[PDB]
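For reference, the structure is listed below as structure tokens.
Left out: one protein chain. Kept in place: all the others.
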Amino acid sequence: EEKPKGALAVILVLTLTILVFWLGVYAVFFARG
Amino acid sequence: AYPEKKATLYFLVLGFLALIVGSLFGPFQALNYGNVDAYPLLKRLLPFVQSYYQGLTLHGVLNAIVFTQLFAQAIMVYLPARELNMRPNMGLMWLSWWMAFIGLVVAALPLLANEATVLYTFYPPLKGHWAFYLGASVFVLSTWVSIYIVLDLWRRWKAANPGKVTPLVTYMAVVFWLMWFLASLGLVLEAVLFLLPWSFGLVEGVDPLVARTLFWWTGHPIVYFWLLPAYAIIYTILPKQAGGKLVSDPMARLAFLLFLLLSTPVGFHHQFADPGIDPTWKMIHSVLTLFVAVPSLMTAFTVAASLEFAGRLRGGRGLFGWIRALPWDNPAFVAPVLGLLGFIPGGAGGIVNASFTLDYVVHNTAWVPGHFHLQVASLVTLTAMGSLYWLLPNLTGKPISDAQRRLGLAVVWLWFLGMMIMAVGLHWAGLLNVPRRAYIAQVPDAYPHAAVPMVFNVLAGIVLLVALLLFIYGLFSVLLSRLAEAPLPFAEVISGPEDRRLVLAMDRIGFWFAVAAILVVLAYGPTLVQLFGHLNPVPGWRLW
Partner (left out) sequence: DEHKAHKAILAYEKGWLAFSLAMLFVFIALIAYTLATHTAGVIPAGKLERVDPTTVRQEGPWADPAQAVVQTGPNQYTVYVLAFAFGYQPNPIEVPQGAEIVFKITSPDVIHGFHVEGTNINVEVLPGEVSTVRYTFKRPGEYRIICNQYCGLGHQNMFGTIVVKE
């Protein structure tokens, strides 16, 4: 609880969103090469 | 006693008025990306509008350039003044407001007269009317007065407090303004050396590549110029509005210091698709761009921790219980928070664009706009709308009714929802290669493949028109209606033993400034020296 757990979740979602968009476009990239 | 309030209010109102006018074109643009041509209608309402593009120029200039700058001049001058309880030099402050107002009026004329349909980036050879460039230049030079005014405030406070660390909000404002000064040089150089003498008829041509290079020198940091006023409020005031405290003074300072150091030397990331610019330099700017993303990643945590702390403090239940515990009853609190949520997908989109080669997938497609509306049109604009429910009461004395409270609260959710919906329609249409800055509804069978994302765009178009309308209502409502003596909602800060050391290191503003300038010279100097050594001006055109 007292641990930044709430904040950790936030930067986790953030990290996942960055990962999806990124690798995702990276895929589209090679699919267009 | 507090003459800074009037001036601040004038910057704010003028900014919101620019927001209203500029955004009028927004809905029609969303419908346009929804393949629905509503411009014949728009023209019946606004007979001066000659085209989709004139409408778009007004949209970008009034929202992304005028409204944002005015909001920053208001916030980044008034908050430090209040924190220091010192009066800004009012002669300069009013002079700065008049330059903005006059520059604005002078640029408006040509724009509204269809004499400068070149978009907010105004890339040569597209050649606009001299009053457009002249007015834009004066509008922007207005910030140089604001810079002097804040450094003057800081200077005066230091003198009276030798050996003391610069207060938080003022530390943010000083590095912010020093950063903007360094950032503005690219555009000021583009205007003074080419655009002005060109539109005035003293020269026949301008080199397109050096023009875009000087433009983007300012082009990237200007969005940080747009963002930071919102970050100042999210770090120093929202924690209190949230019912908690700013968990860390030092980290807030660090975020702002990294912005001073990294906002300017990354411009080539808007030129990945440009010829004549070395690929190595593009990679360097790409790396530096990923670095400037760090301050925001850090901000993501410091702010979230502050909201979590405030949640758990007021009944915060479980792992996500602190969320529902927040003041979702106050629009002042809701606006910025919803904005931060959307800022998440917004940021990922940004890290993608900064990845050099990956940019070729999305460059110039409907994707860029989808991405940036989550940034400036959402996080920034929502934070500004939210200030209506606290900064205005502070500046006028007039409170917010339970009614006005419920309205603005409706305005904010619908605005945030409209942007999320639109972000879906634009990123998608962009992945489907639909071009940005295009009147596709005029070429109905041009993009069949994007029929579904277009539905989102039409939907978003409807939702946002409602939001805008409720907003215009709520705004004039809160001003013409009939706490002022209460200070600004500056939050309390949780200090630690480590703070002092870090803080004193970051307080060496003069040194960090030189480092920031050195970085800019190292990142742009080689390229610009090669450019000015092989200039090739070309003639202007008026293709509208």
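In this document, chain identifiers A and B correspond to the written order of the chains, with residue numbering beginning at 1 in each.
Here is the rule we go by: contacts are C-beta pairs under 8 Å (C-beta built on N, C-alpha and C of every residue); 3 or more make two chains touch, one makes a residue touch a chain.
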Out of B:81, B:237, B:261 or B:361, which is the one that touches the chain we can't see? B:361
Can you work out which residue in B:161, B:401, B:442 or B:481 touches the chain that's missing from view? B:442
Specify the residue from the set B:138, B:188 or B:351 that touches the hidden chain. B:351
Check each of B:14, B:111, B:138 or B:277 against the chain that is not shown and name the one that touches it. B:277
Chain not shown, touching residues in chain B: 51-53, 56, 119, 123, 125-126, 207-209, 212, 245, 247-248, 250-251, 271-283, 286-287, 290-291, 293-294, 297-298, 301-302, 305, 309, 351, 355-358, 360-361, 363-365, 433, 435-440, 442-443, 446, 494-496, 498, 530, 534, 536-539, 541, 543-544
Determine and list the chain A residues touching the chain excluded from the picture. 2-4, 7-8, 11, 15, 18, 22, 26, 29-30, 32-33
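Going forward, only the chains that are shown with their structure count from here on.
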Between chain A and chain B, what is the gap in Å from one C-alpha centre to the other? 24
Chain B residues within the chain A interface of the complex: 297, 300-301, 304-305, 307-308, 311-312, 316, 318-320, 322-323, 344-345, 347-349, 351-352, 355, 357-358, 360-362, 431
Which stretch or stretches of chain A touch chain B in the complex? 1-2, 4-7, 9-11, 13-14, 17-18, 20-22, 25-26, 28-29, 32
